[PDB]
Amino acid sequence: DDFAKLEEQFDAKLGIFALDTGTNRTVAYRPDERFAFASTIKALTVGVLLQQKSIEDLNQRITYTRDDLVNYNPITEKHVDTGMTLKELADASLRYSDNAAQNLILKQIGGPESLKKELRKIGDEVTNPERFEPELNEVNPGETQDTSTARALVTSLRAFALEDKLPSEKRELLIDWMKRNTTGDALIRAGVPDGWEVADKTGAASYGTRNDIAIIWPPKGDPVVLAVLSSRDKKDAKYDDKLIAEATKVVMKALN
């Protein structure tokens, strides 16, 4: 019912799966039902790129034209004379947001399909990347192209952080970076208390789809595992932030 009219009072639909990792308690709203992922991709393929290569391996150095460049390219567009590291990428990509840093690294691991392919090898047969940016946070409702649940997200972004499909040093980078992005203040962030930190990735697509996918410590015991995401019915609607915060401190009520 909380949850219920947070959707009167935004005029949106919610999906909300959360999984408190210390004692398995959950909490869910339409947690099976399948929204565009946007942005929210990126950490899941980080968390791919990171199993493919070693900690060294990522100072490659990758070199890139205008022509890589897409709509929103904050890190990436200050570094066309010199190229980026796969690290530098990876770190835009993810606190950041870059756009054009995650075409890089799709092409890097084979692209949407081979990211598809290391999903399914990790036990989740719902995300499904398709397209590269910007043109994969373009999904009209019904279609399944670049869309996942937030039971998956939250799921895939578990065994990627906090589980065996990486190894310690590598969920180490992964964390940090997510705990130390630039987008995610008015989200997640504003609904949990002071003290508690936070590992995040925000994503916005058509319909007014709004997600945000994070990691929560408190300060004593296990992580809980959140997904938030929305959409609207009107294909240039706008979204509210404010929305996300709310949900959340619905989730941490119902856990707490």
Second form
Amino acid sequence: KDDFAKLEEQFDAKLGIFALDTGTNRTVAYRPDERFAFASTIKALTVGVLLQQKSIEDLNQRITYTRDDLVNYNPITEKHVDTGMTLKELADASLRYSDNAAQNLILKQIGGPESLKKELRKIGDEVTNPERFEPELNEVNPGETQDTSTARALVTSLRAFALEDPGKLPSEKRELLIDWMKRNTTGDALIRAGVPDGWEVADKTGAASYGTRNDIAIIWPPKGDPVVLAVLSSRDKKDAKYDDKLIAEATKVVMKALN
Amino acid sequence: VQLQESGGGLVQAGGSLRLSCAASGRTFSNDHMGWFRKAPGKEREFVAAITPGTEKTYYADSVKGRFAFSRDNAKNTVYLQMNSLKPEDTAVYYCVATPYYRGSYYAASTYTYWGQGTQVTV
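Please supply the coordinates for the form deposited with its partner chain bound, as a counterpart to the form deposited without its partner chain shown previously.
Everything in the complex follows now, all chains and molecules, and the chain you saw is the first one.
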């Protein structure tokens, strides 16, 4: 407990932490019910909802789009304007590269942010508040509830989609979500940097206004049951920068507490 | 119905321009307004966006701190005050509108009402 307070002070930041060992139900919590802008971590839950609504076959449906659909960060989507991309390809881009237009196209396919909210409430998430598209969802002022969640809610929702208990997705679809998250390219300095070598990691990162820096993950020991955790952080000033080391260090504290 | 943009043209680096977007045919007071720009050769990019109620403003990083989006519901006009103009700001400025939030403010496909555009030179 005092370890997390010490970390907060070292990085001039505020932490929100929740971790659950699914094998023992042992938990690690630090401000687990405090709201933070969820930022791109929402992309994992958006895909979870997409997977509840579409068959594996239906993920092969090609989605056409134009340059008018592109936003501020389109690493993959900008390359396929001419042909379009399948729902499978869009989910890959959104999760592995944090492609913003890919998230927006998926969000439109599932009915928009209000539909994502309804589907999250249906799985029992009464806290996550989807409201906006990318990148405007990153513009959260402290005190606002729009486009925010908590460490506890994000772990609960991530666990619901990714794991067999409480299996909100069938096995084949869970496998897809886990595979994409395991092959994420954006989180090497976050949760991945705080877990021991040999443990497998499936994560989704996010960064937003007020120096918000987040990472949510499912982590596996070489042998045994997974840990689901969320490490969220923010700062007092609008134009504050973040340090990935805060997340990596907070992950190290969590792992000590769990082992 | 039409959206006509004025206040653009010949200006020096570091100077200021106030772009005016005059509406006609219908009231645009309940509409989510915005600005987009297109430079010769360079791709069309988002500039600014404003909501109808609370009037929340959204600006591109490339324009943030220098530009200011403001409304005038009575005159059926929206304004874009551009300060500390850079050679980078040289483009054709388009006034955009949508009655509802159908997508991202940064996405051109989100706007159902488009203007003819006004030339801005630095």
